[PDB]
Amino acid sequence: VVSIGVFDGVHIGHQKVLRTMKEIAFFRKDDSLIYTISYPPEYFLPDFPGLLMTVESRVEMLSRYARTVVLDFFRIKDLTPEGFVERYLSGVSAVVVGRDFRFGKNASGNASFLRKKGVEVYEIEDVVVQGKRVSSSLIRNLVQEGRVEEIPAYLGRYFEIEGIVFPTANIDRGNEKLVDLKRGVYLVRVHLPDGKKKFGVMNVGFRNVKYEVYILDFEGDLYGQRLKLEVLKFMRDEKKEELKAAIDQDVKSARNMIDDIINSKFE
């Protein structure tokens, strides 16, 4: 069995699609394969907010669901249905995909066609959270608007900032088009290479946004190491020498949103 799609974020709606694949595989003692198109159709438009995560990260996640192969956006945006079906979908008896799904030249590919060629298609309905259709765009807007706290209800977890490499550590998020968080300061949960986990204050400021994070109760530097940050809360907005005091306020303020997040956990 196979599931075809973008899966930017691999959010609640994507999961629904992947679990169903696994359920079908189980009752057929069949094998599993996820085909993930590298980039959505508007990725190149100037008005594209950007991907929730890199294709790499996306793959590390789709992985804890089944072997995953990346279908290169260009190597397929010019194929006729026969061409696609005939090249990645052979020997395949079943495919799992979201509501309305397309895949070939001029976007003329779909369930109905797949069915005409002897392929069983499972169209998974969208997951509605609150009163909206979970989607990568919705989470994409929530990220720019800085409304992080409201992300887990759709993504199924905290929006994450991932990348390479006293005061801070600047995070290089790689070279794909990644959505950016509204500028300002955010409380974050830092996953250190150590295995250990600490909290921190992240500054997001200036087309090419920087991500610097000050880590609480932590020594040594992470130059060259990979880092993962769960973004919890939007603290204050961006603002222009009373600096050595404004950050010190932020810190003392970080501690106390931390306490209140922990407290809430004990219930």
Contents of the next structure:
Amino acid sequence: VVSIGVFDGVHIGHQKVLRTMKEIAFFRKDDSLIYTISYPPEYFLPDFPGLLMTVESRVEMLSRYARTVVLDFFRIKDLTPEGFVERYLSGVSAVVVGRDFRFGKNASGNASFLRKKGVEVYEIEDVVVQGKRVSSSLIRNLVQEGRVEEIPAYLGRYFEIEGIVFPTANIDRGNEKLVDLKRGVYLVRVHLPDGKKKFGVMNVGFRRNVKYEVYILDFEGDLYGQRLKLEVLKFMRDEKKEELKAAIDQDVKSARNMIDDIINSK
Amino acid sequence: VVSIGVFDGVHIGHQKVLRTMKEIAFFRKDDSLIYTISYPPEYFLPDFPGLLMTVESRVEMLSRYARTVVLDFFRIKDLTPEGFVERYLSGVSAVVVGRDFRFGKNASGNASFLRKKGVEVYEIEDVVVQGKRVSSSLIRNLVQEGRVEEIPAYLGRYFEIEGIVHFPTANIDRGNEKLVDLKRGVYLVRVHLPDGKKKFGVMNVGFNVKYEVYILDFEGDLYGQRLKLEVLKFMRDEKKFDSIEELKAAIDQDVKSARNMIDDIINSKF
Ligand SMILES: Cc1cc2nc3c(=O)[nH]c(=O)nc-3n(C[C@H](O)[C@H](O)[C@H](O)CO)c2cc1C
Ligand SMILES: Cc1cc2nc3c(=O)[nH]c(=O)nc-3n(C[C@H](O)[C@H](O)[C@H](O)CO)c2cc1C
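Moving from the form deposited without riboflavin to the form solved in complex with riboflavin:
To see the whole picture, the full complex is given below, headed by that same chain.
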């Protein structure tokens, strides 16, 4: 059995599709395969907010469920529905996909067409959270609106910023087109290498481009070439205008405060 | 520094004005304020196309530039120049306005007057695009001719239809404002849903005018929710059908051509 989609973020509505896949694969006495389409069609249009994560990170998470295969957008956008099935679904008796699933040139290949080729299609219904249908768009919009506290209910975890490298470690997220947080300051959990975990105050601001710098608390050292994973827990204050050190001393102050708060929350 | 105008549709000329206001504000180490005048006087005269957007939408955009305050045209068209300056410009060293700026009774208030009162007034040359000066009135003209593809060059983005949602098609209620009406017909639109989700759709302008949008690859109810539609391309002229089937045939057609153009757009990026 094969599930097919982009799965950017691998939010709870995706976890739905994938848990139903494994179930279905069990009662069909079949293997499990995840086909993750590298980029959605909108990824190319000018106003795309950007992906919640790199394709590589997404694959790491998808692989936690089943063998994962990346379908290259460039390699499949031009195929006809027939060609798609012939090249990617030979010997596949069933695919699991979200509602309104489409594929092939001009989105002419749908679940209906797949059935006409004798492939059973398990159309999974969207998961709704607080009257809203979970999705990458919705979650992508919160990231932009800096509404980070509101994310878990849709993503299954805190939105993350991942990359390399008062002082402040500048996070280079890579060359993928990733979504950007509302410019401003954030309270973040920092996963350093060696399982280490420290809190941090992260500022997000211009340089078009966006920059990610974090002041990690209770930690000197340098991560210059290392990779960091940041959990964006809370939005503190919007970006500002050299009394810098002042505010970036109260952010760090408010930080300890919220942190000691979480701690007493035994 | 202060910026003054109607700013219907905040086109690129309007944006030139607002950016100038911002540079001058950054320069003098002063704050910015935009006075948007609810309606142009032509709005209350015979045969006016209608705004490109509701004052509410306009203030939403302008607001992204700086503190914005709306001024009732009726509440200031009767003031005298002095009244207006006495009422809105105290302590203001500079005003930024477009061309042919006018205010007060018998449009006797102009940039000359404001200057005399000790306030510097930078008038901005209209922006020219393809040998035409950008202007709300021009853009309103494209809309009516259905020349939606040509608009971004001037407007600075696609023309939009916004409102409440009054096979499955969403009827859009634009509101009770006098909004310019698109040429009757079928259009390709980019639907901007409530969540944050973007879906293409096929819109129909038939017959006040009625706007309907068939959203592609989407299912659910939107009664009571807002929709923002980028009107991307005019596909075909509305037609009169003498057989209920010929219509569904065509509607079926439209989404078909829609999907081809949607693919074209995506592959054009390379
Ligand atoms: C916690 C924290 C908050 C910050 N907040 C801001 C800010 O509000 N505005 C700003 O211009 N720079 C801010 N910065 C500046 C940033 O570190 C860096 O010096 C600039 O981006 C360099 O152009 C902040 C840095 C930290 C560590
Ligand atoms: C894509 C699309 C195209 C349409 N084209 C027409 C048309 O050409 N002529 C017409 O009378 N109604 C047209 N309609 C109207 C619709 O089928 C129905 O008659 C009205 O909504 C009734 O108020 C269209 C609807 C859609 C979604």
